[PDB]
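Next up: a single chain in structure tokens, the form solved without the named molecule.
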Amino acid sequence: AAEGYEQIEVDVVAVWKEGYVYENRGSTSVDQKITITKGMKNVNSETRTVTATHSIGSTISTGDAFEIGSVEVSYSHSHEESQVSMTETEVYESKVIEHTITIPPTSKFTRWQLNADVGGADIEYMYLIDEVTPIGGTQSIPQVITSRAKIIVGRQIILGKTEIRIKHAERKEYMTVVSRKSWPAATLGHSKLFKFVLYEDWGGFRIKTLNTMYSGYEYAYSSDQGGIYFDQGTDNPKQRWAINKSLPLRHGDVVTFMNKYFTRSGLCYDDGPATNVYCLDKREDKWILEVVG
């Protein structure tokens, strides 16, 4: 939808449910109260980005960040095929609806409830249909023909090609390359000139800097003392990292880089003497990946 994002339509799991049913076996109308809440359960409000609980085809894997642009369902009721679309402002809103009803004599009122599981997100009462039929008379069961959703996610980071920036989530600072002990060393900064390229091989992920002052020494790695420097490409697991998120990596992803040799140590911030980007034991700081325009 926005600069650096892509909208993808995808098939979603939608289901009807008898939301409310009142069987008026007696003569004259009887009144009861009923209230519903149309919208997504446990909406963050501070953000519309939803992390996945379960998959959505091949596009969305678990733990992936997406945004629901819309949800579209096609339903067949009483031999009458129609369809309803739910805009983005409707899914992330908690719309509360309340009202009493007077059911006709010797009749069964039915309010069918439609819900959606768009990658974990439980959109309750997407739609409803108030069907009323006499007691005994076979009512129509609404079926789902095609349930789909339009989701926004972030441009795909093509490994070994797309140039990105690796920002600290908490400090909102970019990871830069400075000199430390005559070697390229990682440290936080505000400069948006420090770009990187992510690779992946048998040994894990690699972080190739494009801004090394010592040419050739360009792959981020953890030393034995814990600090982060850049070295020439080798099969050394100290320059290999493990990302918590599943592939593919997209723009705006929030990830944690865990070293492959120092399996319990992860890429983090630590007020050091010369630099502040380290790879320390029992530490798993979050970093934001973002594509350059």
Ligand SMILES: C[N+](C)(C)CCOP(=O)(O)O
Second form
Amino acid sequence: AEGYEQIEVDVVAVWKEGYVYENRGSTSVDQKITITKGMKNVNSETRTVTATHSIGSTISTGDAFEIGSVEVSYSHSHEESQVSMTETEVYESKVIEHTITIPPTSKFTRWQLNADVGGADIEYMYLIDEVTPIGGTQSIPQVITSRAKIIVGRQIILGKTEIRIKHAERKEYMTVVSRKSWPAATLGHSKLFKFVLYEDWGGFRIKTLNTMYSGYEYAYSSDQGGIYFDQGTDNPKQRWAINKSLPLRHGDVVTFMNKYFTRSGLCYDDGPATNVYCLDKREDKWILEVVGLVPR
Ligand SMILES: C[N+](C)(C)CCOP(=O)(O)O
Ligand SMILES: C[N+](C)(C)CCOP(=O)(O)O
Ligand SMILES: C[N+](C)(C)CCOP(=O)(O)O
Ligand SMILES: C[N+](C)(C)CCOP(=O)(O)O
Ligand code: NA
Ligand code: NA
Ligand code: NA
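Go ahead and give the structure of the form deposited with the named molecule bound, now that the form solved without the named molecule is out.
Below: every chain and molecule of the assembly, starting with the one above.
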């Protein structure tokens, strides 16, 4: 995908009890059994998963990623074997069902292999099964190498990477126009409006590469709430807070809270001229898009 990348990473997997039936008497008893091989509470509208917990140095809680493939290696019965998963397999619920004939004086142990890719609980990645005598020894499976390959947005380097900021609900880009002889933010369909994100002691700064008044390039909130662009200063009014852990990445959905008006977030609002405002106790979702390449 245009702006994403694959990365290998270690994930946690374990063999659970699953189901256990004991037939201590005679004769052979039949039992129906149903299991659902699939990711727990999987969203049908998307494959992007918001991390509930970390996956090493690469993923942190709240980070967006997509599971490309998962490869867990196990040892049973005294022999090694490995099972791989496709993207379609990790995101599908297969309700496997059938009858198991338990022979007399024997236990049926259906083991349940799972995987927790940073919060994403893959219930029943695999089913081994094991019929064994009572009270005889049985082989317990053990995961030897659990690992996954995730898909993430290309990183945004602060003060370096040129991005486009797009309003998620309205699918329109933040653009710059003149208002009161100052540069001003307003929503538009143009892909020509590039920005650079910075970070210092006071917060994040949104610099425009499309100003008409030279030097007036950092986004800030007026007392009235309208978003204008000023010259670089120490003022909190031009400093912002992002609700997402670094590193920022392509396609990240974020909110921008003002550092001076601390409860006022950046959003769409029908102004008389422009429509990008800082409004109290409300904060709209914006997409960060890493720019492609211009032709020449
Ligand atoms: C994995 N399996 C249950 C389909 C075959 C292996 O049976 P067993 O290893 O418990 O004897
Ligand atoms: C007046 N307004 C609330 C619609 C936005 C204008 O902000 P401002 O340009 O007066 O600083
Ligand atoms: C937008 N509001 C009128 C609800 C309050 C926010 O004022 P402001 O923080 O944008 O200056
Ligand atoms: C006082 N100072 C000039 C060193 C910093 C002031 O930054 P500012 O918020 O007044 O623009
Ligand atoms: Na600094
Ligand atoms: Na300012
Ligand atoms: Na408007």
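Positions refer to the first chain, counted from 1. Each form is matched to the other, and the largest set of C-alpha atoms that superpose within 1.5 Å is called the rigid core.
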query	finding
Position with Cα shift of 2 Å or more, rigid core superposed between the two forms, options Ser58, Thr47, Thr53, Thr28	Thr28
Per-residue Cα shift, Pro105, between the two forms [Å; core superposed]	3.0
Cα displacement of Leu247 between the two forms, core-superposed (Å)	0.3
Core superposition result - C-alpha of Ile135, shift between the two forms, Å	1.8
